[PDB]
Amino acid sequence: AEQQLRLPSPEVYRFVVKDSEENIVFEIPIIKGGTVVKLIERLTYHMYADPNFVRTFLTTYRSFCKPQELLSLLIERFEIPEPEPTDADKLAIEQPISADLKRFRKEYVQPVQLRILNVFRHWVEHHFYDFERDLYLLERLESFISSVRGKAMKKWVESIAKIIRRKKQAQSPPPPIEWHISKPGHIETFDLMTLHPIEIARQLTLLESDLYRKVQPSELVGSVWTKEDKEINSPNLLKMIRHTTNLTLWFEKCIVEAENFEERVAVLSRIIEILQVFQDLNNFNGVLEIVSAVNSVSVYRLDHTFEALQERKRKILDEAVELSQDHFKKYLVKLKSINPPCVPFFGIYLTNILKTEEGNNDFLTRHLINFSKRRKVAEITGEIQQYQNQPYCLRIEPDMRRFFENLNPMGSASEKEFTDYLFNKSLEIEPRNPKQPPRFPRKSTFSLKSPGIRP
């Protein structure tokens, strides 16, 4: 017992297979990649702890391994086979005496178990939503945590329990609310031209910033919002995207369904006015929601409507469109030259991740998971974390909140069925020239006069 530490057989303990190029690859050393087994070994290594790798793994692991499979691998890493007891030691349990038995425990078993526990602590602290999404997983973790060899692990078991109870039991002056033709507590009259344009923006900025905060880096790693069971692994992500879609299609609907020309012009200005308030609140998601709406096929062709806008109002719009063009060049410099609160544009993060994930392949195929890929994506998701911090100093307005949350411009029709309708409706309200205009009469009777953006 003064030479080589005797590890178990790799026939009965996979993790102890020899470090080779065909199962583990580097850049305490940085993990470039490995087999899932060898990642779990380094994640819970005997020689040293590795907080950096702990954090990154737990963000990124769902891109190469199911939560249930992770828990099973950790449990497997925990249940380490040890040397033949001996009758002397078998009595001694009723701590053992054998030199080799004592050494295998203190040097290999004791630390490996301690590190597995710290991973559980980190898992339930930061990524508890795994256990919320699957209660059978939560039962497994607990039914394994309660059955741990009680002496030096007791504080660690109780700290994970303490966290799990805390997580379970979870389930600077502001300005005045602006009102227009619609008056509070009366949802009946609620519409784009009846509510005050500043408060539409404020409420959309509040809704969109809240939807922003709830997106976890987990949902973005692995491109997992574009896969077969995307619903479970990217629920907040999807809400954000669906909102954007639904609101973009609403702004369109509002414009093109105003058949009367004068109304449509007032409706387009009101949207450009809402776009300004987004700019001032630094809600670029809403600036771009509006931009997309006006840059849609049904809207963009309405040349006579755009021509009846004011010089200044066309210019604002064109500077918002300026942000988007040349692969979002002005936008990216406009971002990180600003003090929050702020909601950045989400689509550009999704693209810049998606090109990283096509440009790097997940296996390493050397005649093997690319964890370095995942680390670089984790760093890219760290940019998102920056603006889910300083929230907005605006008062939520419950009824408006719900008006915007329960928008459904598409109806029981599909997206491509609805946008088809928009295009034909667009041609119906502004035909191709030379053709005389339709003098379509007004549908509503509310005042078109804008209250105009100053609080």
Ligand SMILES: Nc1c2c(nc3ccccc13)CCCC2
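We call the rigid core the largest set of C-alpha positions that still match within 1.5 Å between the two forms. Positions refer to the first chain, counted from 1. What changes on going to the form solved in complex with this ligand:
The one residue among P83, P341, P217, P235 whose Cα position changes by 2 Å or more between the two forms, with the core held fixed by superposition, is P83. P437 is among the residues whose C-alpha shifts by 2 Å or more between the two forms once the rigid core is aligned.
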Given for the second form:
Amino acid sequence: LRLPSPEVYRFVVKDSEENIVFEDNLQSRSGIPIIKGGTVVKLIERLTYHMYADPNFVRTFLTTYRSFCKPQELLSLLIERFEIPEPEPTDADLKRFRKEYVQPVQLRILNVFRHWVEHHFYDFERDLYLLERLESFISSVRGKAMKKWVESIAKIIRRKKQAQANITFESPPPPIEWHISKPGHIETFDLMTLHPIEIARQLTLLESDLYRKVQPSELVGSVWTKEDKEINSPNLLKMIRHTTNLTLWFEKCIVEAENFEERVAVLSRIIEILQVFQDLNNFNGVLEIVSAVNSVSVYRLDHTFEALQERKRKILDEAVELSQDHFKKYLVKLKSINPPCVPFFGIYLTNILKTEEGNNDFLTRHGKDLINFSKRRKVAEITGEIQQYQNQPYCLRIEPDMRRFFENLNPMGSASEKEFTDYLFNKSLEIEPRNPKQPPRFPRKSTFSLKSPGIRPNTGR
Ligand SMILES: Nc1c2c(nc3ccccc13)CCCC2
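In place of the form deposited without this ligand, output the structure of the form solved in complex with this ligand.
Okay, now the whole complex, with that chain kicking things off.
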């Protein structure tokens, strides 16, 4: 009984469709009401509710909130929630208010701070001032019952800060495969001089590392395509730039092979790399090669595809078919394999862009910003799927020169992506013109043997 005036404490304005909307279905019938949307004020009140704990909302909120609220604003709202004014005295009660309202709300805030530093410390890593505000506030908290919670948050922060201020094989990894390029000779590194097995291994290790660093929150609210993308989505942007560069590198290697026999040997080696990606459950790599071969500059090279060994063309068509019918066969395959694996990342992006586009950010902006929370629950269920393959490392040894090589691929050089893709298209028309004549005969500029060592481990034995 008796809360402060909504006038002096914004959270306790009465619930109405002006400020908060609950699911009204058979699921929402039992237990804790399900939030469909509200003002950020009302979402914060329900995140820290006096009447019950809501672990599920806390988890979904801290995954999704940056799509509707800045980290600095979240901290300001949790402090505002914490600083609870006394009710209007009546002057002819406090003791109940402190036991049943204040203490439970303050404990629930400290529990949100605890989940925040435990599972989303990257917010504080990205913003040292945010951490200064949090540390200053937590150390101001003097409540007897708050003490265990403050100690717990302090210890998490101490640990996260330690594990910032600075590989272990559970079984023998395979020996590194070498072909024409030899170690230390990084300047001789090329698609055709490195071993196709080890190209697939080193790209898988790199792609696995990029994949495992992507936080769900980098995807929520299409934040990687927005103004604050370099800070909200740094891991995702690195993974997207990697995919772009590698896909364009594969295209470049094919289209710049002017000599027909060389270009066939290049496409054949890329298909061999694709088979080792498949053996490694690197569907990310499989579908990068699919992306390259379906690019307009390569797709149209009918003479090159027709010249492939039937078995190589078969393997490619099968890879290509994984992507057909909204990735139907890819999704069957992904559910059938044993990790480690690198999921095709592009499809999470596609399905989040469609959910982001097809659902309003706001239940309405008339009179109030009424945030669509249900939209964020649906995106968090998609981002949730990214997590099940981030926990299983590859049993493969890093080749530091090859890793360096692949981290630094820059097919575009100083040109724009559009200038570069125009170039690939113009070169495609040069090497295989739109006429019915046999393909032009250009000389090789490279002197290395075209003969593949194949994808049976050599040094392995
Ligand atoms: N252009 C292509 C041809 C074939 N497969 C292809 C597969 C993917 C992208 C382009 C292709 C089979 C042989 C004929 C041409």
